[PDB]
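Note that one protein chain is taken out, while the other chains of the complex remain in position.
So that you can tell them apart, the chains are marked A, B and C in the order they are listed, and the count of residues begins at 1 in each.
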Amino acid sequence: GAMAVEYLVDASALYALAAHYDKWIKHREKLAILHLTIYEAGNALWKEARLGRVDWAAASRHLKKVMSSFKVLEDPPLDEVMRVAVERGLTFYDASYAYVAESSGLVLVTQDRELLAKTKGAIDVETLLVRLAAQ
Amino acid sequence: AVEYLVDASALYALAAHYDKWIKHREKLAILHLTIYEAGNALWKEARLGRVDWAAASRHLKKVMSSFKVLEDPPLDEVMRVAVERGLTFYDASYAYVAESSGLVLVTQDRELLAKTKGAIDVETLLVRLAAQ
Amino acid sequence: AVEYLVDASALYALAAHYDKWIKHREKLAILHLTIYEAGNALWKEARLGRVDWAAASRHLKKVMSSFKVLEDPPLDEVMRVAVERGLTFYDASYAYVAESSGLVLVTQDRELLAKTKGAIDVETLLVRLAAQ
Partner (left out) sequence: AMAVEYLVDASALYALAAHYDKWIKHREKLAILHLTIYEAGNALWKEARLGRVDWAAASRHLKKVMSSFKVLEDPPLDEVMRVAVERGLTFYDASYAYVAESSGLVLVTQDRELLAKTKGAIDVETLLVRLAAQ
């Protein structure tokens, strides 16, 4: 099954990437998220709306479009993630990206400074953009 | 054919009565969100200490696999429900999928129970199954 | 005397207009909770990569030192506002204190604005303070 995926993108990244749309499409199919990402992204945008943002209705549509651009990966075993979480001092959510990223031999793209540090191979969104700009 | 959608709060209460419902597993479903919510919940208890997170997680893993997993909802639609009914995005997800899929949402959350067409709590579900 | 109770969301949008309100500072107040709520918000910024955090936190410290801090609400009363008006405990805190104290809640939360008698947003508070 087409496994042209190279990066696992979390919500903090997904959010930043949504801004540089043009820059990364075409390069998608190389980008992936977890099922959890969708909800995290959704909740973030909901918070925006809560604190006032006449958008939301329109912003939600945009997110929906960006989201569909990504490939969604199989959920990790609650089993294994729990371990990473416990061992690396991460939350279950973060330990989820850290676990998939590694077990899948993928580069985790994240904005969270602690995840970048506790995940082998992680890079941030600015790095992803320069990488993609190259090829 | 799936009849109920079980959220994280219910999944938890249900994991305490495995035997009373495994025989009805085909009737229960969850959202991919549920795995994470359930997981993060078990993580907090591990955080607040109690030697067994590994064992406990093993058990949660077992209970989890029993449910069919529905498709993620359109972030679009969920968002409308979240705003229109005063729910979080997560809670909204369940209300949306539950209603939109024509299913009975099983939740322990009084708020979701009140704002979702047909929701019932875990005790209600167990008596329904005991009759089915 | 205090006229408004400002929450974390409002507090943030205010820091950028320090000049426009310090004259009315003793007319403004926050809850003890606010200090922690704002700090955590500033922490997530650092968490998501923000070089300042140290500097930013020092500015946030000064802005906060400008408000009066009211006594903590009775856990008793807040629970009731929270359950009844479907609000988190933290949000209900501001709702309760503002109302029971006869103050104007200044929040950016659309949900809070709608469930707190007489609450206004930061834009409004600013035009009022200007008229003052």
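In this section, a residue touches a chain if its C-beta (ideal position, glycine included) is under 8 Å from a C-beta of that chain, and two chains touch if they have at least 3 such contacts.
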Decide which residue listed in B:23, B:110 or B:117 touches the omitted chain of the complex. B:110
Touch with the missing chain holds, among C:13, C:14, C:28 or C:38, for C:38
Could you tell me which of C:1, C:54 or C:131 touches the chain that is not displayed? C:54
Spell out the interface residues on subunit C facing the chain that's missing from view. 32-33, 35-36, 38-40, 42-43, 46, 53-54, 57-58, 60-61, 64, 69, 72, 74-76, 78-80, 82-83, 88-90, 93
May I ask you to list the residues on subunit B that touch the chain which is not drawn? 9, 46-49, 108-111, 121
Contacts of subunit A with the absent chain, listed as residue ranges: 89, 114
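Just so we're on the same page, only the chains that are shown with their structure count from here on.
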Which integer distance in Å separates the CA centroid of subunit A from that of subunit C? 32
Any idea how many Å lie between the Cα centroids of subunit B and subunit C? 34
Quick check: what residues of subunit C touch more than one other chain, meaning two or more? 111
